Amino acid sequence: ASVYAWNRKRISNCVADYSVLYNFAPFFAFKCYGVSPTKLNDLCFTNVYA
Amino acid sequence: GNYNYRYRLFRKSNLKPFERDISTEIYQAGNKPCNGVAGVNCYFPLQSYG
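Those protein sequences? They're chains C and B, same order as listed.
To convert a position in the first sequence, counted from 1, into the deposited numbering, add 347.
To convert a position in the second sequence, counted from 1, into the deposited numbering, add 446.
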C-alpha cells in the first residue's frame, strides 16, 4: 500500500517467532525502541499491530 | 550535542556488584558477526548521550 494508506492489521493469539526475519534480506534499516531485538522472542505483549 | 558521555547499551549477561568493564567490541549477530561493520544485528555496545 501507499504511504498515506498503510495496511493496518492486528496479530494476536499466536505463538510468535521473531527470528523468521533474519532469513529475509540485508535489512537496511532495523532499529528497535523500548526493547532490545535480541531479547524480543522471550518477552510477551498485549496486542501487536503492524 | 556534547558527544562526550557514553553508556553500554548491549552486553551478554548481568554483572556482579561493583564490577566494571570497558571493552568496546562489536556485539554479536547470532551467527559469526560483522566485526567492525553493520548488518542484521551489528550493534556497537556504547551509545552517546548528546
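Please note: incorrect hints may appear among the correct ones.
[Claimed, not checked] Below are the DSS-like pairs computed for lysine-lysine, each with C-alpha atoms no more than 25 Å apart in a straight line:
1) C:356 to B:478
2) C:378 to B:478
3) B:462 to C:378
4) C:378 to B:458
5) B:478 to B:458
6) C:356 to C:386
7) C:356 to C:378
8) B:478 to C:386
By construction, these hints were calculated from the structure, which means they are not laboratory data.
Right, here's what the structure says about each hint:
1. C:356 to B:478: Between residue 356 of chain C and residue 478 of chain B the Cα gap is close to 35 Å, so the pair fails against 25 Å, i.e. violated.
2. C:378 to B:478: This hinted pair holds, its Cα atoms lying about 20 Å apart.
3. B:462 to C:378: Violated, because 29 Å separates the two Cα atoms, which is more than 25 Å.
4. C:378 to B:458: holds (19 Å)
5. B:478 to B:458: Between residue 478 of chain B and residue 458 of chain B the Cα gap is close to 15 Å, so the pair holds against 25 Å.
6. C:356 to C:386: holds (24 Å)
7. C:356 to C:378: holds (21 Å)
8. B:478 to C:386: The given pair, whose Cα atoms are some 18 Å apart, holds under the 25 Å limit.
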